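K.L.:
What follows is each chain in one-letter form.
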Amino acid sequence: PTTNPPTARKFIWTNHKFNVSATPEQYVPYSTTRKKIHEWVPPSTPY
Amino acid sequence: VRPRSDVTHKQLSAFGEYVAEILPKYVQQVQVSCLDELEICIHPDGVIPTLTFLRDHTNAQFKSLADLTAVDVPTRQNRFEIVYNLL
Amino acid sequence: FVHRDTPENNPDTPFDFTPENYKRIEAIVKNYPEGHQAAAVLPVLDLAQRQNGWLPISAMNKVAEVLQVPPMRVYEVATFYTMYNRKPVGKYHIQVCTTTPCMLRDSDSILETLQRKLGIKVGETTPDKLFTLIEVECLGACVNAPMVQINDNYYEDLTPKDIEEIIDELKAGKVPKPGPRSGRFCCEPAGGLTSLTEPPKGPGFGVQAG
Amino acid sequence: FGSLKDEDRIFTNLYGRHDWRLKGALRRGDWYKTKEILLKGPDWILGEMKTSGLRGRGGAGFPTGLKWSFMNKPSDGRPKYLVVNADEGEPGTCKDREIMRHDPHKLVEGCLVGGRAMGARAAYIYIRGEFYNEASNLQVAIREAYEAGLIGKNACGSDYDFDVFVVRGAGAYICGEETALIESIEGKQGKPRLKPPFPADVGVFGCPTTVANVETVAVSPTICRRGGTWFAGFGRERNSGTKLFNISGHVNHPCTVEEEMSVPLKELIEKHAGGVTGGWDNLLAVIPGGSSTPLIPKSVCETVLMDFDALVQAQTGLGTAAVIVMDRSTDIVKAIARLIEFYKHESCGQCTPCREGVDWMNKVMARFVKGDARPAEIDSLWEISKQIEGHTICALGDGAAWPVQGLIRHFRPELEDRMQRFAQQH
Amino acid sequence: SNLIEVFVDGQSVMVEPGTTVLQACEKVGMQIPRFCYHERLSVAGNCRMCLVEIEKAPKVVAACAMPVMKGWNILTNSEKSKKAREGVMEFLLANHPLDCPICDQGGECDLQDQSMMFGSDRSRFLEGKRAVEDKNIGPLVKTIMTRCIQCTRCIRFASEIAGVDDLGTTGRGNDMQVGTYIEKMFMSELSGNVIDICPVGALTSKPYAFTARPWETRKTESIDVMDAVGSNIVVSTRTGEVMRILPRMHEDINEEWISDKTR
Amino acid sequence: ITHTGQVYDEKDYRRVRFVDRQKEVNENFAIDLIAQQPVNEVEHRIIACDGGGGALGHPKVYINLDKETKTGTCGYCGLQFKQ
Amino acid sequence: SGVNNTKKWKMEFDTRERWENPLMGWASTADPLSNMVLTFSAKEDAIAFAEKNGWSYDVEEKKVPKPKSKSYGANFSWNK
Amino acid sequence: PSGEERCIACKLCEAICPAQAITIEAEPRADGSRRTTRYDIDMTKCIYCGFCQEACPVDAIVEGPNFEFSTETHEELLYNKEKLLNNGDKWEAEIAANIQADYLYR
Amino acid sequence: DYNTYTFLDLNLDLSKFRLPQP
Ligand SMILES: Cc1cc2nc3c(=O)[nH]c(=O)nc-3n(C[C@H](O)[C@H](O)[C@H](O)COP(=O)(O)O)c2cc1C
Ligand code: SF4
Ligand code: SF4
Ligand code: SF4
Ligand code: FES
Ligand code: FES
Ligand SMILES: [Zn+2]
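Chains as they are written, first to last, in the working numbering: chain C, 1101 to 1147; chain L, 63 to 149; chain V, 4 to 213; chain P, 268 to 693; chain W, 13 to 275; chain F, 14 to 96; chain U, 10 to 89; chain Z, 675 to 780; chain S, 84 to 105.
This is chain C alone, in the form it adopts within the complex:
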């Protein structure tokens, strides 16, 4: 890498990390899609 450095693209990380699995930095999978069926919230004003 010293001889021919790599291409820098102004998003690539500068601090790369090792396995963070046992440490609390670990990926915890989650759905990234937003809600699908929005619901009718009742009316808060007493009828």
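Bear in mind the hints are in silico, worked out from the structure with no lab data behind them. There could be a bad hint or two in this list.
Stated by the list, open to error - Simulated restraints, written as ranges between beta carbons of each label pair:
id	chain 1	residue 1	chain 2	residue 2	range
1	W	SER132	L	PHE142	40 to 46 Å
2	L	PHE142	Z	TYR779	42 to 48 Å
3	L	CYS103	P	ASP646	29 to 35 Å
4	L	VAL69	Z	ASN740	52 to 58 Å
Where a beta carbon is used, it is the ideal one built from N, C-alpha and C, also for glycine.
Following the hints, position chains L, V, P, W, F, U, Z and S with the ligands against chain C.
P.N.:
Same frame as chain C, now just chains L, V, P, W, F, U, Z and S with the ligands:
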């Protein structure tokens, strides 16, 4: 486009007729694919007789059973299509 | 081919056939079969252009109403044919024929002459809007190959200089002797008639009985 | 053979020289037997056309008699019509501009003589809008004729009633097409129709209609007057009569002169018109029928004669018989290239093969003139060319393919060198 | 009576006088590759992708527009009628912008498939392509019209099935663009059908822009409840939420069309 | 939070997942990163965005920059070009 | 506009629960016979499969496009 | 390079995955661009065929060099768009070099 | 020499002659 020799489609075709003639009681259809493969079709009762003739006939020795399989065509009244491939 | 409404070119520009023009429109409609007024679109649209060279979107709309045709139809005709300006156009609107017949007889020279004569590049118009230069296709009159159509007239068989002369005539004064400014009469053999030298024939000549 | 006599020529007013107005026409005696002819009836007139052997005279030379005859079938309650196309767009054609401008009347009586042959209620003349001045001349002529009562109700003493109208074209070569002239007359966009509903069957305004090159309508009264035989005698076999020839480009005296059809080409330029600029040796190629027809190189020109049968033997079309000549001083690759530019700026775009195909050849042709394209591309254009030739809704795609085919057929070595020239300088 | 006998590859089908060549192939069971021909839209002949070869005839004929005649043999798969498709597909694709992974009519394209089935494997158009400015025709139909194969089925539907008569062709040559000359939205019921009827993905649905891709959509056939015509419809559901409702054909009730409300 | 505003509600329990752990998100968001790149002022009506790098980029597409008001944006890169 | 997928009859089991999965949001199904669609060439054969397997069936008659008369000439009709 | 994620949600990476691993759902982003709201590669389901690398038109999904991603919990192996995009940012320099070396071959 | 309306106006003049419509 694959190379096709009609020598085989002729040899195999003839054999088909030979088998059919020798075992007419069971052979219903005998076709050769465009891929030079013969496929005698027999009534289920001819399972024992047609195989035995092929295993033990001087002009057609088919000693080993490559495979026994059963496609399932649900539409077909007789669902399964037992296929025996011999060498 | 998209009319993005602009203050100048948009319906705020009201359009209506002068009383006289409407009379003309009526005759045009008469030619076609009754119940087929729509057929008069091209003729009427042209009349509009005669009235206003720009032929703005408003004009197209008027044509439609006058002929009771869907507005789109007028648009299709206008955007299909080429003799319709669909924009402002120069008082003179010269058009230079550049199909192979003319080019083979050096049409390109004429265009170049005009470009600097006019001082304006093709596809563009003079500042005074007096002259608009367009590289139009075969305008007929191919025999008189070097040829250009200034407005409605057909100036033909022109050598580069001739046009400059014509343009000047247009620039100062009017009606610069429109036609082939050369020795030949129409499309005759330039040197001398190869035929039709003798007098024309007479009524009944070599007529089969009845 | 050739060498038609001026006496046996049809438009004596060609080149003007005689009042294009009625008076000059009366001395011409153009309106001499018009009442009688119509009195003869539709059939007799159409018959004379067949005897004449007159072919199209416009673009494709279909037998005129048979064509017109197709509407001699009984009326089904729809008025039959006459349409006389005067678009005259085919590059190199000033052929028609003459009859219209110089001898408007000949066409006026051509219209009614032709009208009773098809029993047309009325005739519409579509002169290209470009020719505004030309229009001025014909309706002056049409106005004269009715004033006389030659046309209109009681046409020329005939119970026949025929009305003639002039329609403004709007700068479109395709308007010229038979199904598209109609649609322009109908007022829609000028887009050809398919032939299965043939023009006679579905007419303009759904009323049987027929379309003729103005030359075709104009000669019918004189051919009836002179009889089919006189006319049929001048031509060679199937190809018959004398067709006007317009020679433009690289010739000493470019002019339109009518001569016996079947006149040798080397001779046409030699006897009328004028010598090939720079000597007959200076003839790279000539396109006999205008831009649509394939150009023929000089070897063939000395031998080939201008008649449709001889040309189809030669792989080229008589077409409008517009002779465009190219000296050895011209970049044909660029000459034909502008004709493809002539067709990309003009095809309607209704059909897929012409729309993209003609634009595709234009892009390749421009590269060919530069020489940027490699030699292998040249035979591709050929293949692109025939894809367009048989698949198009109208004939213009037919027409665009032929010049491309001609350039590859006879000038393939020159294009390869232009290929080579650019590759060498890198 | 009124039953000509025409042969489609020698099958002696018999058809009422008036049936087109494309229709003759249909009853035998063959399907002429077609664009610009829709059963309930007028024949236009624009694409010429249906050229077939009647036997003993110099030129190939337009299937969708040629009245069949007695005796004719269609030769639909004749070497010729394949060059007549291998060479048309060359043209439609030549000016086409290859954004098939943008075109949400990805698997719902009658132009890739008719290209993967009836056309060539490569391209020879080394020249440049064209681009046509898009149009905001409305809030329902997204017209990325650089996709348009100028097949004029929209201009027909918008005039014949619906009486809008707004959409029209503008210009000639390779820049004939089929969009409203002035920007007037295509506001009418029956509007969304244009999406379903444009085989190209030039104009498609804006709400269902990029939510899915058709192979995934599980299709359940159900009934329109928004209006009382009870139009038949197919609800396309992916992973359990409805993604699109498009029409399914019922001769008597909705014959291939559905309202702007119920889709 | 995430590119699409994916933020578990204050009461959702998948937040337990993030308890004692990092909810993985990226600071670099595309919606913003493309904006930074300036509009390319090309001088031809139609230009092509091969995607940068030819074969190493995205399928080639031609953009019509004719609309004077707006700017063409490659359906792929998002790069914008104006005439 | 292709009709090659409207040729063979298919029998499809009734649709069942497709609840969202809490950890990843993927669709989750408890019905085994959901994705199964068997294809049968003729209506008679498909009905037979339902009877011997004991599943309830409700056959829907094929609906094929009715013949439609078309002719390019019409579009140029004097009065339409 | 600008910073716009390459994927344009054509979703044929999902179509050709042999194991059904990739799950993609998309919607037009506010910019108006096409983008994937959720891209989930289930690595335990994935059999690392490398067809996704093959199929992508923009080549947004790539088979990265790292093989050492063993995880204590099964959930960590399931990967959403944010982990993969982060994986992409970390290894982009080598991924670019690797694609640079092998693209002529493909 | 002719005016822009020559064709149209001349035609209108001819209208009287023009035979009755269909
Ligand atoms: C693109 C195109 C342009 C045409 N232009 C003309 C024209 O300017 N004049 C003409 O008489 N025929 C033209 N034709 C031929 C006509 O369509 C038609 O065949 C012809 O006018 C019939 O006349 P005829 O029977 O006298 O030959 C053209 C055809 C095509 C395909
Ligand atoms: S239409 Fe959309 S999908 Fe069909 S080809 Fe053109 S781009 Fe690819
Ligand atoms: S929009 Fe769809 S339908 Fe209308 S023309 Fe272009 S392609 Fe044919
Ligand atoms: S990853 Fe490549 S293929 Fe899968 S969607 Fe994003 S872009 Fe299309
Ligand atoms: S080409 Fe210029 S006159 Fe026909
Ligand atoms: S379907 Fe035959 S012309 Fe388009
Ligand atoms: Zn881009």
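K.L.:
Each hint needs a verdict: does it hold in this structure or not?
P.N.:
Outcome of the hint check:
1. For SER132 (chain W) paired with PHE142 (chain L), a C-beta distance near 42 Å keeps the hint of 40 to 46 Å intact.
2. Separated by about 46 Å at the C-beta atoms, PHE142 (chain L) and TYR779 (chain Z) satisfy the suggested range of 42 to 48 Å.
3. A C-beta distance of roughly 51 Å is found between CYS103 (chain L) and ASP646 (chain P), which places it outside the suggested range of 29 to 35 Å.
4. About 55 Å separates the C-beta atoms of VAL69 (chain L) and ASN740 (chain Z), a value consistent with the hinted range of 52 to 58 Å.
Figure legend: structure checked against the earlier numbered hints; the only hint not met is number 3.
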